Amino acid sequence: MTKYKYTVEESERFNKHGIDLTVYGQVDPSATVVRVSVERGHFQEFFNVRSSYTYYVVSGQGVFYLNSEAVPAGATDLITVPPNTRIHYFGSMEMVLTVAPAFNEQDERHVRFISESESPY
């Protein structure tokens, strides 16, 4: 009766601010895990008042801006961002993102848009 396995074929895909997001559709209050594909950047800065965001970089290279501080990232790195931290990033990367506890739209706060020209990728 329990559904354990979720596939890409059955997921929802969105373009969100320059990233391609794969939302599998599982429900679990403790964490939301999604796939993020980015060609040049996430051209919007936000923060989340409740959840930490942990990015695992499967492949590629980029740079996170976390409360305006540059944090370089490469394949196999783990980027762990506490709640209430401003986030944007540039890069050409494939990532797995964990939001914990579970992502809630209401918790995410817009700070500013980022010009597409600002990405060096």
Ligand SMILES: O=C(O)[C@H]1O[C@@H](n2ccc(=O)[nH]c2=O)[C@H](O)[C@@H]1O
Second form
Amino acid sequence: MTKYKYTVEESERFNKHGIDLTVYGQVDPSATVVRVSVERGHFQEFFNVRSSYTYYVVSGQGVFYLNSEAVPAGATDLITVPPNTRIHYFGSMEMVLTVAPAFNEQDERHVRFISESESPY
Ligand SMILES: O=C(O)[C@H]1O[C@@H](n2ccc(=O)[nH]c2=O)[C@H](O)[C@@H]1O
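Same protein, different state: after the form solved without ligand UUA, show the form deposited with ligand UUA bound.
Then the entire complex follows, led off by the chain already shown.
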């Protein structure tokens, strides 16, 4: 009766600001985990007033901008962003993203769009 396993086949998959998200549909107030695929960048800067965003880099290479500070990232790195921190990123990467507490779109705030030409990837 308890659902323990979530598949890609049953996930919601969509493009948001230049990334391809795989939202499995985990419901758990403590944290939600999703997959992020990015070819060139996340062409939008945002922050979340409540949740920390932790990106594990499965493969590829990129650069995060966290409150405008460049943070290079490569395969096997863990990028840990606290709440209320402006986030965008460029790169060609596959990532596993944890949002803790659970992701709630009402907690996220739009700062700006970013031109696709800004990404060096
Ligand atoms: O976190 C990110 O880099 C991007 O992915 C989005 N996201 C992240 C987790 C989640 O469960 N659902 C989402 O839609 C977030 O809004 C942002 O655009």
